[PDB]
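Just one chain is shown here, as structure tokens, and it is the form solved without the named molecule.
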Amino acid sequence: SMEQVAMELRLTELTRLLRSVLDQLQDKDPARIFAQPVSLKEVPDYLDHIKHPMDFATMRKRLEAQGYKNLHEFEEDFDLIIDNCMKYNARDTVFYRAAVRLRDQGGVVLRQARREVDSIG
């Protein structure tokens, strides 16, 4: 149907806007601490601690399959990256600190993304 196509064009445009959001959030991680999944070879107990691992490559795979239906879903995944790190790593670590800085800086980008998704629909 024509309606299904219109909906697909909306999903495609959301995906376009989320790709730009993702690139902007990832620029706030210049150390690349969050670029890839935590390695289970290098951190064998990780899944005893963290039940839903997340990272920027895994988000990008979902994004390119148009697997984010709305901004809320994409935000949930970004929040996992941050929150997983702040639980596994202690307050005095470069990892924890990197997550705090990502959250703070990412908030700015997310605030305007939300306005743009509501505004453009």
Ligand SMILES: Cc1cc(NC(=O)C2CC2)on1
The other form holds:
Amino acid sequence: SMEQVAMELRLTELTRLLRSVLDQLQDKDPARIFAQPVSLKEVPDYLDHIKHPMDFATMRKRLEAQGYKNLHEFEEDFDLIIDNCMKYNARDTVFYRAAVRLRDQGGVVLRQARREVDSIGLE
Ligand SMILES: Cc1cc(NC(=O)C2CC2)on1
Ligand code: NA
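Moving on from the form solved without the named molecule, please list the structure of the form deposited with the named molecule bound.
Now the full complex is given, and it begins with the chain already shown.
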């Protein structure tokens, strides 16, 4: 149907916006601490601590499959990256501190992203 095509166009446009958002958020992780899944070779007990691992590569996979239907779903995964890190790692670590900085700098990007999604009507 034409209606189905219209919704699919909206999803494609949301995906384009979120790709730009994801690139901007990842730029706020210059150490690439969140670029890939936490290594279970490096951290064998990780899944005993963290029930829903997340990282930028995993987000990008979902994104290019158009697996984010709205901004909320995308933000949920971004928040997992930060929240998982701040639980597993202590306050005085480069890991925890990278998450705090990503959260703070990322908030700015996401604030304007919400306006664009609403204004254009992408969800
Ligand atoms: C625990 C834990 C580890 C990480 N990140 C990394 O180790 C990437 C390679 C630098 O995030 N949380
Ligand atoms: Na902790």
